[PDB]
Amino acid sequence: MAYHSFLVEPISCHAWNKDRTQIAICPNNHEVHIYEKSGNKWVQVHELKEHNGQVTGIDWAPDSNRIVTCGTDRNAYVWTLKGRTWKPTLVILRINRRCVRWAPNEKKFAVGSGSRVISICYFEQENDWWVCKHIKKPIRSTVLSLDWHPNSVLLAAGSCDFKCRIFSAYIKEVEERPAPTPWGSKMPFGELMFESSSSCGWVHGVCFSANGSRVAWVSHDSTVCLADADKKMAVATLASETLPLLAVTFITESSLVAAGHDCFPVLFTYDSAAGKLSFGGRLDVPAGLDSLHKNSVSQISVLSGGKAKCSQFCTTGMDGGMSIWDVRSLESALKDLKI
Amino acid sequence: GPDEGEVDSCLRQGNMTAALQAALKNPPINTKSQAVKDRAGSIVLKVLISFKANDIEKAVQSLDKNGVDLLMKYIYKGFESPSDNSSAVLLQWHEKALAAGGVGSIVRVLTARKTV
Amino acid sequence: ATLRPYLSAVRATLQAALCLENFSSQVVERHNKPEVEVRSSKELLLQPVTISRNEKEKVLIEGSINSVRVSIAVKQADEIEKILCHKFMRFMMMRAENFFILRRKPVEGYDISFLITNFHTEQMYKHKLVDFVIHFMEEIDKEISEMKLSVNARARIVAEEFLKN
Amino acid sequence: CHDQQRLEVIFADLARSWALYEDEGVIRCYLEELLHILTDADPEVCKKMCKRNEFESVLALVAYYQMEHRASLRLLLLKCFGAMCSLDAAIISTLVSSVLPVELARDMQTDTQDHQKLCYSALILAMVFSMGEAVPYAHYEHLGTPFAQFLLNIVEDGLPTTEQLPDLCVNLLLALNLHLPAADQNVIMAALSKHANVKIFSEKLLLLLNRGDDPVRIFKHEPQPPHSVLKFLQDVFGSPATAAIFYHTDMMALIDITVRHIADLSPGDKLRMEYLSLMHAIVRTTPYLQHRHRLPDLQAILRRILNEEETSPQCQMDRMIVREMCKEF
Amino acid sequence: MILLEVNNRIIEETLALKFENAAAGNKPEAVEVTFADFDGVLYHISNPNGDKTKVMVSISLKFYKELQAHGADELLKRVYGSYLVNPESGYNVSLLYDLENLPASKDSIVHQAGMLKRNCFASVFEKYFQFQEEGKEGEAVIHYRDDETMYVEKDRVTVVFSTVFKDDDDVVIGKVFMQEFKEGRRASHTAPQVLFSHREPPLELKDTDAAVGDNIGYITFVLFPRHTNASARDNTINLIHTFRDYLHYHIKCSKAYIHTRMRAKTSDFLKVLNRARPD
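Chains as they are written, first to last, in the entry's author numbering: chain C, 1 to 97, 100 to 288, 319 to 371; chain G, 36 to 151; chain F, 3 to 167; chain M, 376 to 391, 400 to 543, 546 to 714; chain D, 1 to 139, 142 to 155, 158 to 283.
It cannot be assumed that every hint is accurate.
Said to hold, decoys possible - Pairs of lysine-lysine, DSS-like flavour, derived with a Cα cap of 27 Å: (1) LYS49/C with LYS35/F; (2) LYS127/D with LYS166/F; (3) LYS166/F with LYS462/M; (4) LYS84/F with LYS186/D; (5) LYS144/F with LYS275/D; (6) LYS256/D with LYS84/F; (7) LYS144/F with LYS269/D; (8) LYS275/D with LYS150/F; (9) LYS107/F with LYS269/D; (10) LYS326/C with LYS84/F; (11) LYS52/D with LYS589/M; (12) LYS179/D with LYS584/M; (13) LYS35/F with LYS326/C; (14) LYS589/M with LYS144/F; (15) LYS166/F with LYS584/M.
Note that these hints are calculated values from the structure, not bench results.
This is chain C alone, in the form it adopts within the complex:
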């Protein structure tokens, strides 16, 4: 319930630090800004003007303390802190054409773009340079949202091809082998392990669970679809009376929260018993708007707690407001909400 008015224009990407001490964001500009928190008021500390266009994706490796960013500049920048100045390194994306996220291994990052090729990229210490191998198998459209599993070897991504596929970007030269998952045994770089059955709506949202058992995604057909490999890769969809969702993340192992064009963060729970998804309701209950943000949500990351028991949810939207939510206050407010 803590919205902070930072800018008037929309927001592109929302990133956080290791100890969540600093927050990084871009305001649809050729530069990216990094602000910290000193008291009740927030103040900007760093500014990076390396990119040559509107910044689309940005993710910060917590343990590595190193933030990579890639947008319309058709290039990637693996920025690392050098003394009192964040030095950027141009990691060649090798794409003729909107998403980026570090792995749990924090050693290689996936850059999903409009080149219809999930461009995985690892850092070669032998040549002191970043290399980006491109996984393009069974990919027909851009990669809207990309999220890893706990394995740090299998990536998930939604496409404009009306489907959310879970492929493998595992480079066997940057890590050890991958253990057998319930999503399959054969895990190879480029091998399609999973896919969606939808033929309508764009998969703007996609996120995997903490246990790595279930992978959920949000489609732009006013429908959300969560799949569980625990029940032979069963797919469970649900149509929301509200508008389409833009970002999707799981709070618990059976409770996920998501927002979008509805401009209001919503909560939902899926019963493993019956094998179907259910709607929890509106967690954001109160210009002329009936919600905090005056536009659609654009991103929703986790502040602290994990995907099994999030204690604080961070929400960035097209309203220019930083929405800081707490599960405790939300549960203390809506007594009819079962998590």
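Chain C is fixed; fit chains G, F, M and D onto it per the hints.
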């Protein structure tokens, strides 16, 4: 396409609920023939047109979500051919459908790749 | 025929197709344009929907992931009203530079055309935009009527004054 | 607390006439004090103070306004009367029951050399008669067919000014005919039957009709009165002699406006039944079946209106009205 | 000015200036100017033979011959007389003024000379009026404009002008004004009768090489003895000669007012759109 007789029987019976519920069965969305889609659209249009104003709420409330989406899409297809003052009834039906399925129905109608 | 539920379904459809977002061109290097206008990618174009309250006055909405093009053909009661409508629509079209939510030419087979871009959808309230469309229709009707009455009054006055001399 | 004391003291000093034999400057200061008090302070206090002792201060202000000969003081009193009318409905009924209306009329007829004063008088009279709750027969002796012909001449010919009084006179006309009686006992209709050479009033009423807004409804009180334009149009189109004001083309234009307003009106509203009744009257007294125009779309619209089986009572009343008015041939 | 001015302001002001400068006994200054008037009239005033003592005013019309055919010389001699002189080279009618010999009253001469075109066109009207007064029935077509022709013809007098409306909208506005002028007998009962013809001329002007079209118009002005009298000759003539010009000017005025209303409505709507933004 759908079956004409199954609807004609309920139409002769006066039970509009059965006819409306049967008209949306096996919609020709996957079909490539525009004739089948035109037939289904005209059929649904005929079904909705004969309906009385005050009784529409019950029949509209009797339908399901998927049926609401199919009805919205079929109504959109029927909206491209406004004739015999069917536009007013289609408008009232659009209001009822909007109140029933919300913005999600029309959103599903626009995001659809294969429809009537 | 004419009702308020028509502009309510129009408002709802306008609210549904105001879910656009910024998207780069997949064909051109570092290019960014409206998807609904050029219609280059069939994967990004949604099924266009038309709404008609009558055989003469209607509104056609064609949405996209990065654009929403709304064409509106207003009612034509008489010839004078038609010429006036054409003149006003043209006069509004000339100032398309000011109205960044309208386009310089009307859609073929329609009276006027407004292209609500993703960039325009990102720098203006969607709710206020829908309100702008609805107000655009009701104001179109009312203003047209008022203009008609004023013109007729002027003609009557001029005729009377010339006849009195 | 201070405002009530200042208002009571002003009312007491003005009721002493001692105020009429006092300096114009002091009286101007007192009137300005009372006006500013009624305009900037709480409404409840002003309402209680004005209606105090059965509108004693109000009646006293009225009598003092009737005895005073100063133009500026009359303007200030008219403004204060406007505020008092904007305060509540009880003060409006009290002022309407007073002779303030008649005196305002007589002053409006006598002093034609004061534009602003005439305007404020027209506005105050329009606000006082905007309710149309009570109708004293004595007030008809000062404001009737003569004053009606005068205002009609003011609308048709106009005076030798900003000309913002023509629309104000039209507003006062619409307000006065709001509390009128049927075509047989209507003074306005009688004056309209007397001189039907007025084409301008028709055009102005037409613009007022196409606008859709009501120029009489300024305040928002409970039990709001009916629509002025509809009732006036009904009283005008209540008889051929009074409907004769409309010209050959103007009649067709008005038919177009009434039909369009009837068709655009959704089921459930209140104005639709009224516009339908007006359309019925326009085809009753006026020659509708003469040039047989605009009747086709009207027929289609009527057919779509009668097939409207709405559970609501408003649409049922409207359907009953159109069924009453279904003289089809 | 609602009604079109009949007198030419240029010639009147110039002549007034010259006369005022001359009455003071000041030095005679040369004058040279080319002016124009409605329906394509071409005026040109200059000093003859370089003589500052003489001022010549020339006027040229395309239908000068058709006007002279109806006795224009007699009317010009009656109006100007001594002022009328040999026409300038290329001009139709030229008047002369000597600075060395002038009268006291200047207003009459200026007001008369300023109505040059009116007096030039009044010939046929006067002839027809006298003809109607005499009662000699059973007795004209003047091409005042390039694509227009005015046709003039027991108890009444008919004057049907066949003009052209170039713009498509101007035809509509003109049709509205004519539709209002036809039933204009509601305002003043003593006024003349007004008829209008959309695409084809009246029965009188039939198969007389009548130019018919969607862009043409034949307006019939039916005057009576009350307006055709010698007492109200000048005024009625002043109006009738300027009927077309007044019509076009009025329609154009309507176009302008429409432009204003459009600008205002655009301002209101643009205000709504500006009110739809965040800040």
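If you check each hint against the structure, which ones fail?
-> 3, 10, 11
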